[PDB]
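K.L.:
Next come the chains, spelled out residue by residue.
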Amino acid sequence: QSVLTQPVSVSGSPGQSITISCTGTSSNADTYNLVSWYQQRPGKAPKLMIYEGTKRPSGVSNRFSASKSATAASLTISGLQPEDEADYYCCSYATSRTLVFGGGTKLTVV
Amino acid sequence: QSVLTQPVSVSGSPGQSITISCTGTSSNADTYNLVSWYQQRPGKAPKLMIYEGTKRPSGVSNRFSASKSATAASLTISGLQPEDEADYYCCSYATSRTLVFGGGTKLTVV
Amino acid sequence: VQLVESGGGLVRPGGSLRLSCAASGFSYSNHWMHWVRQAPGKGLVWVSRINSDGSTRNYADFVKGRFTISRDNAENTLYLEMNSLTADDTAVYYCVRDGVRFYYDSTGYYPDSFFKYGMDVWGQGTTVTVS
Amino acid sequence: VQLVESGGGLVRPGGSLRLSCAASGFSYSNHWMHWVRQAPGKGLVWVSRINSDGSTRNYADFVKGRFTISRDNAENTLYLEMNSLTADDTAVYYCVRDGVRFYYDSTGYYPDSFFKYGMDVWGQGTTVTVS
Amino acid sequence: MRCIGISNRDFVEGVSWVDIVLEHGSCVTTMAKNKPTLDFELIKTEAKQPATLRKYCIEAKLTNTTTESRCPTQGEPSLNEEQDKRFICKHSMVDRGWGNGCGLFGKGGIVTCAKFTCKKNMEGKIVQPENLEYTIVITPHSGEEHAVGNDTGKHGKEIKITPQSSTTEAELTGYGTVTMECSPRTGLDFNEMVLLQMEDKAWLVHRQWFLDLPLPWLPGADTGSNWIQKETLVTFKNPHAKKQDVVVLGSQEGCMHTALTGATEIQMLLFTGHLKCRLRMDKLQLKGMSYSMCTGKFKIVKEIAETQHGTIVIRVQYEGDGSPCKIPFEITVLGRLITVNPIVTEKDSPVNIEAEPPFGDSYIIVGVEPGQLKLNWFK
Amino acid sequence: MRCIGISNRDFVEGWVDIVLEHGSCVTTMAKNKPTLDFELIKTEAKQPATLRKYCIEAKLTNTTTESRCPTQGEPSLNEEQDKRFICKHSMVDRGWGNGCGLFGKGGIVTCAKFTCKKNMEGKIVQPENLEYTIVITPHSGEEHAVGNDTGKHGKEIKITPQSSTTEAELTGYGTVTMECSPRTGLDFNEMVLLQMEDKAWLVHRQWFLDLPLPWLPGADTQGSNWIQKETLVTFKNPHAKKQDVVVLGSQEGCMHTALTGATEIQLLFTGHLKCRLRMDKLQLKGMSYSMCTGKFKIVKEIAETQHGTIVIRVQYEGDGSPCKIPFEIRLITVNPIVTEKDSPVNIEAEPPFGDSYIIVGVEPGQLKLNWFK
Ligand SMILES: *[C@@H]1O[C@H](CO[C@@H]2O[C@@H](C)[C@@H](O)[C@@H](O)[C@@H]2O)[C@@H](O[C@@H]2O[C@H](CO)[C@@H](O[C@@H]3O[C@H](CO[C@H]4O[C@H](CO)[C@@H](O)[C@H](O)[C@@H]4O)[C@@H](O)[C@H](O[C@H]4O[C@H](CO)[C@@H](O)[C@H](O)[C@@H]4O)[C@@H]3O)[C@H](O)[C@H]2NC(C)=O)[C@H](O)[C@H]1NC(C)=O
Ligand SMILES: *[C@@H]1O[C@H](CO[C@@H]2O[C@@H](C)[C@@H](O)[C@@H](O)[C@@H]2O)[C@@H](O[C@@H]2O[C@H](CO)[C@@H](O[C@@H]3O[C@H](CO[C@H]4O[C@H](CO)[C@@H](O)[C@H](O)[C@@H]4O)[C@@H](O)[C@H](O[C@H]4O[C@H](CO)[C@@H](O)[C@H](O)[C@@H]4O)[C@@H]3O)[C@H](O)[C@H]2NC(C)=O)[C@H](O)[C@H]1NC(C)=O
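Residue numbers (my numbering), protein chains in the order written: chain A, 1 to 110; chain B, 1001 to 1110; chain C, 2001 to 2131; chain D, 3001 to 3131; chain E, 4001 to 4379; chain F, 5001 to 5373.
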């Protein structure tokens, strides 16, 4: 077992910076080393934003960055834009052979 | 195949005699030799009245008799009583290993 | 002598049901047993028969292979396993004994063509509603 | 690069369904493939994954053994056979590729514990309604 | 009356005890001077207290396949399944390196586990000869309208014997008691023999042969999911150090049947052996014997029919006012009577009389004048 | 570059003769010629003529019986004319107590539907119809090419015992002539490729035809009229009371045991392909490029292969590219070149026994790495 928890919602204003945390219970340093982040815009399919805790795939905006510790993983969005309004999900291993997503964070751009 | 046909309905008055025919299409002398008759009173389970074309089981009223030929089988009810008001069905072999009932005759005692 | 049916009730279209019948007061294992049905306000329709051994199981044309008749002699039980049920199958299902065949073949085994028979014992019937 | 799901629709409770996914524009046979679902108005829920060979098939806890993942490499197809479906299973089902594992294990065979992964290609999803 | 119609039938007659041989699908008719004629049949043979020696898996299925590998020098992999006794596991080595997720190039350890599930089995049972129960049915020649050719048992007294309880006294309602002294004569000795049961088929086989079968088994004690020797039906394949495969070895059902050709087969428990009994009839009495002779006339209910052993069966109904009374019978005297002391119980109930007519033309005379029946036979 | 990481690897140095087989990789080198990696990826039997198909597991369904009273003749069922049904006539004891006016032996007939659950088909395969798939991967020192088993870097080539010789073009290295000779384990003539589900074997024709099992001819594929149904079906009537029809049980494991002393097949075949390689039309990519001037960076820690050789992944920084990488310790990845500064290079070299110095680049910023073999 590993259970991933995220804040239910976060509000931000355009131009500001927001950080979404992903904290685990029966988790360890490897849980956070393997965290991946997904953006799901209203009515759209999810998109990979970060993998391996901090790596950003090509094509993904440089406004998205991520950090990791032995106790949590975090996604940071700098220079908030209205298009960033979406649900964000963290993902990692529940066991050695299964994955699990966090509950998701609804980001509102005010 | 063997298909058994009976009149849809018959009306009779108390004390009178009525005869219900059972005629077959792709049938033969054995079809009629093996005809059995069933009485189904309103809201009751069927009751065997005749078997082997003309044999009456013990307990069945002597007012019920039956006849057979190489072309038809018939059930005769003598001294009609209100309790005779029922649906009557003939039955025989459809094939060497399956049985079939006639469509039934609704007997009304006027 | 009695026959008591069970297992009837409401079933959804395409659904399955298993009817049962408890026999008593006669040598069950030596008798042929039949299933007969009757749609509401309609006539009697022969469904199936089984010999003593279960080596002979016959079915009416409308039972393409959707129905399976079976028996448990020591338990004095008759069954009708029904699958892919439609509104065409809504009816009262009667458990029936062939008492006259017993007087010619007391083993109830031989499936002789066009043998002398008589459905002398009937249950009250169990209602199957495909709705 | 695309993933297109099929087989979604209305299913009765206790019913079965087979989802399919057509993959194109990449070396399908060398990639791990996953199924992810999302109940209406709810979050993403990981369902299953399969390696190149089909020798490793993993399932989420809620799939006791009701779902079987499979693939046909030459046909570029992924499947999800689902039985004993309940209202708990109503969701959009997404076909997903693990593109990052390909850069570490190009065979897509080895089921190493806690492997570096990334679900980089997603289909539009197919709706399953257990109603 | 059961024997009438059975082809494998014996007519045993006692001098002025009487020894008989009963077995499956065989009926026996016994006769003695001033004693009722009786019909014996072995209805069932049963092995009652069977001690399961060993149970073997003949068809298996592998499920829940799981694998774990390690990078070179990172040690040996492990699964929890290796401690689950329903799982079959194997360790091997695979080629590891950069292109398959390892920083180093070398032989990385692998481990494959799969759930061994038995689909079909055969159990071997140790049966004590003395635990072999036999069921004999004794039917008297009562000339009853329904008793002729009846295989139900609503007319016959059922009796149970065992090689130990070999001797039993059995009471017949209206004829007295009959002493049965049976001796066991089975085909093969049950000692060092195992009753190998496979579904509906069964055989009697040598103990050592049975134990030496190369199949997964469960001991007689564990009647379990921890099949011993799972390896006999499971194979692990890793020929190129690329991948390890777990493969089921396929159903041994037909293989077993072929191996069991030169073995004592058992039908299904219908056993090969016969029961050699001794019969004491001193406590038996002819029903009636005190009744007076019938005065009235007789009617022929069913046309005279010949049995497979040349004997004939006559179905007759009484009309006179004498019943219960002795039926007068003669085959002029030439032929003999099988249904000895034929009697009427009720005028309504007809009587079945079995008699042996003489070779050629004969006259079957039933009743006393007026209204005497003078029937004709040709054997 | 495929061979790097494969344990069963050969270093053939030069025409040049090589031996390819399954789970074996081959590295070829020649003076002023590119280093190439060969692997036999697939063996396939292409035009297979089904000889006979056998039933190994069957099921009996639709059991039906008809009897007659003594002297009333022989019974008959329509099923006796249905070729998917197995029937048998016998005699039973008839009489008054079982529905006959006479006592005697009444004829009986039992029919049941023979349905095959599992089969194995025997195929005739022409040796010349055996297609081989070889993958040629050049030592291009590409960042992704190292240990790659996909084929996005290698030219696939097909050969057959007939079309044994093929010229194959490599983008940037020219063409390579390969002249392959077939060397299978068993002669396919008088041999039958017996396929049972996922298992397969090569067996003698007469043995195959002489198997006592129900079968469908090579002509009838998809038929239901199994010949010799009797081999898996048994009729039992020991006491003239009843006739029983019994299935003889799965011959799957029985077959596997019978096939012990037979050539098993995993289509991964036993044989090897002895080829000859002409490299006169092959050319070293670059060879005209100038030497790299800038400094090099060590992208991944130096790793040793199972054959003592070492792999170095390095990235360029200078403004010379495309250029020849200066290297010194023999070299496996001969003529190492930079294509783009961004794309790192994988160099495979054989270090000497004991302490050595791996020197990559020219001063200033020269790399002087240390090895211990
Ligand atoms: C094998 O033996 C079976 C048992 O025989 C018994 O032996 C001893 C122990 C005595 O008890 C003896 O009396 C038994 O016969 C035997 O089964 C028996 O067979 C008869 C059929 O002959 C069964 O039914 C009975 O017969 C009448 C038939 O009526 C017609 O014929 C008479 C003339 O005989 C006419 O007067 C009538 O008008 C009819 O045309 C049945 O109607 C009746 O059965 C039902 O009776 C009431 C009716 O309300 C019901 O409540 C019952 O449930 C019955 O369904 C008679 O009972 C008889 O039931 C049956 N006995 C037993 C114990 O089962 C069998 O036939 C023999 N095998 C062969 C091959 O002969
Ligand atoms: C086995 O070989 C595979 C094929 O290699 C190719 O070889 C020849 C034919 C050339 O075409 C060569 O260029 C190819 O590499 C090989 O697969 C390839 O691996 C790369 C991963 O390195 C795949 O993805 C590509 O890389 C970027 C990574 O971005 C990060 O790194 C860069 C620096 O390198 C940073 O600048 C970034 O900020 C990132 O931090 C991917 O992001 C990208 O993939 C996606 O690109 C767009 C994004 O919108 C999507 O639309 C695509 O669908 C991709 O998902 C790059 O494409 C590369 O796709 C893949 N090539 C092929 C042809 O599949 C494999 O890794 C080798 N096996 C091993 C064990 O190494």
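Hints in this document: simulated from the structure, not taken from any laboratory. For each residue, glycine too, the CB sits at the ideal point set by N, CA and C. Hints are supplied without guarantee of correctness; some may be wrong.
[Said to hold, decoys possible] Listed next, the stretches of chain D that the computed footprint assigns to chain A, with coverage defined by at least 3 CB atoms under 8 Å from CB atoms of chain A:
1. 3018-3026
2. 3038-3052
3. 3108-3114
[Said to hold, decoys possible] Sample of chain C residues at the chain F side, in silico, Cβ under 7 Å:
4. 2072
5. 2103
6. 2105
7. 2106
8. 2110
9. 2111
10. 2127
K.L.:
When the hints from earlier in the document are held up against this structure, which numbers fail?
P.N.:
1, 4, 5 and 10
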